[PDB]
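Chemist: Construct all of the structure, not just a fragment, from the sequences and the given hints.
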Amino acid sequence: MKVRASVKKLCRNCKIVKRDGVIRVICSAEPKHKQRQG
Amino acid sequence: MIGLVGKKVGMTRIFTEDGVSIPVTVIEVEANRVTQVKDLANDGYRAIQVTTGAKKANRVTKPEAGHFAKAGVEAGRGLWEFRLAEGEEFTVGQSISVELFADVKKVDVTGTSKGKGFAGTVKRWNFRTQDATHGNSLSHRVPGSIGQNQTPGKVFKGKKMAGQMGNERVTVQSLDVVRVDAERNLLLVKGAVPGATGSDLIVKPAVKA
Amino acid sequence: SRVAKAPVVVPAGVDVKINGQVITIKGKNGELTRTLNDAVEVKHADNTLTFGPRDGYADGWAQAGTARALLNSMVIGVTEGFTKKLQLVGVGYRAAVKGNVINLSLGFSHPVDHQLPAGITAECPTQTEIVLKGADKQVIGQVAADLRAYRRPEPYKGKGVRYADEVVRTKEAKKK
Amino acid sequence: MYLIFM
Amino acid sequence: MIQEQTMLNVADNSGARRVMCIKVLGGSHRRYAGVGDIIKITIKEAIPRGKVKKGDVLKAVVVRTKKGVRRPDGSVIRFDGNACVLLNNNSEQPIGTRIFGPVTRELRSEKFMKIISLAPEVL
RNA sequence: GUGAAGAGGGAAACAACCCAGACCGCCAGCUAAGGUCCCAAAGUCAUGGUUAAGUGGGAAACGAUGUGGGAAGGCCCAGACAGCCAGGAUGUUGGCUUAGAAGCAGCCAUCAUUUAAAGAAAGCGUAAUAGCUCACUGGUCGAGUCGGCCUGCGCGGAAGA
RNA sequence: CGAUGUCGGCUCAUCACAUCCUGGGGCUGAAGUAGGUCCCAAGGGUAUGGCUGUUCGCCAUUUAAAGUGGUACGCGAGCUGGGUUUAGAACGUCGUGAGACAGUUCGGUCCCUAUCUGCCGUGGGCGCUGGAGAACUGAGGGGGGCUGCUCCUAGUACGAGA
RNA sequence: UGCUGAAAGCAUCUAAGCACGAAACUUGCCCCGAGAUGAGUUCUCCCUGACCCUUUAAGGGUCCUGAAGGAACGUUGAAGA
Ligand SMILES: CC[C@H]1OC(=O)[C@H](C)[C@@H](O[C@H]2C[C@@](C)(OC)[C@@H](O)[C@H](C)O2)[C@H](C)[C@@H](O[C@@H]2O[C@H](C)C[C@H](N(C)C)[C@H]2O)[C@](C)(O)C[C@@H](C)C(=O)[C@H](C)[C@@H](O)[C@]1(C)O
Ligand SMILES: [Mg+2]
Ligand SMILES: [Mg+2]
Ligand SMILES: [Mg+2]
Ligand SMILES: [Mg+2]
Ligand SMILES: [Mg+2]
Ligand SMILES: [Mg+2]
Ligand SMILES: [Mg+2]
Ligand SMILES: [Mg+2]
Ligand SMILES: [Mg+2]
Ligand SMILES: [Mg+2]
Ligand SMILES: [Mg+2]
Ligand SMILES: [Mg+2]
Ligand SMILES: [Mg+2]
Ligand SMILES: [Mg+2]
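Protein sequence lines correspond, in order, to chains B4, BD, BG, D1 and BK. At position 14 of the first sequence the residue is numbered 14 (the entry's author numbering), and the sequence of numbers has no breaks. At position 194 of the second sequence the residue is numbered 194 (the entry's author numbering), and the sequence of numbers has no breaks. Counting the third sequence from 1 gives a position; the entry's author numbering is that position plus 1. At position 3 of the fourth sequence the residue is numbered 3 (the entry's author numbering), and the sequence of numbers has no breaks. At position 9 of the fifth sequence the residue is numbered 9 (the entry's author numbering), and the sequence of numbers has no breaks.
Keep in mind that a hint or two might mislead.
Computed beta-carbon distance windows for the label pairs [claimed, not checked]:
#1 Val113 (chain BG) to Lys111 (chain BK): 35 to 43 Å
#2 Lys172 (chain BG) to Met1 (chain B4): 42 to 50 Å
#3 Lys111 (chain BK) to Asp20 (chain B4): 51 to 59 Å
#4 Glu30 (chain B4) to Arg55 (chain BG): 39 to 47 Å
#5 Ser91 (chain BK) to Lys32 (chain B4): 41 to 49 Å
#6 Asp20 (chain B4) to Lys154 (chain BD): 41 to 49 Å
#7 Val102 (chain BG) to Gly38 (chain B4): 39 to 47 Å
#8 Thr34 (chain BG) to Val170 (chain BD): 55 to 63 Å
#9 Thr112 (chain BD) to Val102 (chain BG): 50 to 58 Å
Read the hints as simulated data drawn from the structure, not as lab findings. In this text, a Cβ means the ideal position worked out from N, Cα and C, and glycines have one as well.
Modeler: Pasting the structure below:
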């Protein structure tokens, strides 16, 4: 889980979802590509 | 569970056959006669009220002697209350014996501490003394500093300072019941209980696990 | 809206009783209840339900497609039910059903026990498998996630409780 | 001796 | 009650004659070391041809105290002087081969099973 | 320009900011800046929108299918986007290098066929291959779909005694 | 500037979180043990000595850890007086000299009976609606919250072995 | 960290709904506590006379009466300046 100020899609499997008022990035193939904005 | 009211008789020792010293405190638990039973529909909470000992008939006042004559019990030296649990019921006038603690393994004993009077901060709050030598000027056992400068500019509430120590109600928890002696109204707990010899103690069973 | 406009065909012999916002469905497998949102409108028709956005509410199309799919799966649960299969991977890992309790032994120092809620009945064909029968979809899905939460699959040997329809990713350990 | 601020 | 700077006699044949306690091991802000407690020492005196040299920093175990130990029936066993046995820094096995004077039953465990085997008397 | 040498009303309190220049009295009225739910005088006023953050009532580069508006563009009933079932190839180990490189360590080109379409294959992986996989084309489905610009109001970035 | 006492030590603390330990998690180039990094969390806890006036630092040995900062670089109407700062004296250096140093060295008076606020204790007066003696309820407030090591599970899971 | 689930035929921990989750928070443990002027509750005890006037009203006065209890004094205390 990366906590940074700019979250992005790092491959073609990443998905940007807004959960509870926080922009997150969910990846189905690479658990390294997990990000939240903070 | 309800408790009983006793009297600190003093400390002694119990020798076991494997050669152990057990410091016990002797508590004379006379029978506790129930004076008044409280309920939800009249008092808002469930409790019984017990009295113990005996009082001189020329020393009981007219308000107090009428409260005992309503129950039929004889006038003891005081009145204490105990909160009932769900499933306990008692009747007015019923005497409770020391056999309440027959299979109770641990008790909590609460009493009034000894009075140390006006005690300084070295005795009361375990402060450190300053130097007894090396130049010290009239400042050996004084507290020192009691605050900071202009911010806040006041001493905080709850500051540790000299004052009245002791003579207060304290509860010592989880004492081993060593021996219950029902035929002479005794209860031997293991260890030191609060109070001087001859003071009232309230022995309730242990609430902690 | 693409989900909310395809109607739910009610099959033969399931009592669909609509009372305001509270819906009840009886059937061959059991009786289920789901209090619907205020923003959806349900109407009984010729053996077929319909869901529409109630007026005076802004997000009625989104609430309709959910209320559709939850009632679409209620009529499956009272007719054919649901199922979940959980298999155990790792030596000395075993399960056992005794009543409505599952007895898992997953390499701990104590034995663990899971009390199944009313509506789920588990059975173990093999000692390294669990089959869960249920009439609700969420409850059969949550119970399958609680047994999985005891010992989740590790990425090095695959050990732990896993679904039978779930592929576990594994990876080599770090070279010295 | 540090007698006056200076 | 052994604390820091306390000079102890030595109760084995390792060669040291007086050692000084420089640390009480086994806790933060720890004050005292009774009988059976490891201490960290330094050697102040030594015989010329012993196994240890003056100035060495070793571990020890306190076997006698002038303050004494207490038994579960209230008894006390005191001694006329503080004594210890030098242990190795890491293996914590006794360096010497003999123990002098009596020791107590507080050392009776698996850690110090070799000290109460060489002891002339156990109280 | 104001204070100094200037009171009054507003900006919570606040010489220098805004409105405005106190001769004295009144238990009269009209306005200025500023305001009208309660503290506290006056609209819980009327019509049309926006916000969902208590934003309003601290803070930037940067980030994001938050949401309202506008003008255009691509594909679409000869069937669009998504989902699904399929195929997805052989020449070819294209040649060079490498003990191996066979599309996928590195260099050069990158066609022919059968067809409905398929690459000298975008990526994973591997001793290398294999393997999965995407581009492309069928069938199913039966109504919109895709992503750039200009913009209004919001979200994160946002830790102190 | 008709005076707001300076560095350090002692004593007593109190707050922030940018967390040192303990607590809960994501990623790991995370096999296990042990780590790296990030997120949440301020309840508690958070060394003894040698040298030096030292804060700091280095060193010795511990500890679960020996946090970072604010509070007039917290604290002299609470203590000390070691220091770069009165008057004595000497060295080196500069000046013809009186003297001076940004250099070092030995010696050198630290006052205050608490009116007000604040805080720690402890009482008197009146109220609470006839007076009185007891026992309570509990709105509210305060205290407390740390942690090591050994053994079992088990030399099991993991690991080629260690 | 999830379950079910659309907006967005899929996917999705979230928008509706549901379940876990820490020494932090609210309790549970101990102590003070009805000046809590919002001054609370329960139990018991005590007082059951006559007359006059003005400013006629929670009015003032005379004679008799003095209760429950309290204080005060003494002997003092593991209580205390
Ligand atoms: C016996 C009693 C005497 O007090 C002392 O000896 C104390 C110990 C002095 O400190 C001693 C000791 C010392 C170190 O100061 C503590 C030193 O600096 C002074 C010069 O002498 C004090 C306090 C000095 O004040 C201080 O004077 C400084 C010049 C400035 C300072 N400032 C913060 C206001 C101020 O407080 C000063 C000058 O004596 C005060 C003036 C009024 C006097 O002369 C008075 C009459 C003194 O003789 C005295 C009160 O009788
Ligand atoms: Mg003096
Ligand atoms: Mg003195
Ligand atoms: Mg103030
Ligand atoms: Mg003005
Ligand atoms: Mg004003
Ligand atoms: Mg008004
Ligand atoms: Mg704001
Ligand atoms: Mg002045
Ligand atoms: Mg300071
Ligand atoms: Mg001061
Ligand atoms: Mg001089
Ligand atoms: Mg100078
Ligand atoms: Mg002084
Ligand atoms: Mg509390």
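Chemist: Taking the numbered hints from earlier one at a time, note which ones the structure violates and give those numbers from smallest to largest.
Modeler: Per hint list: single violation, 2.
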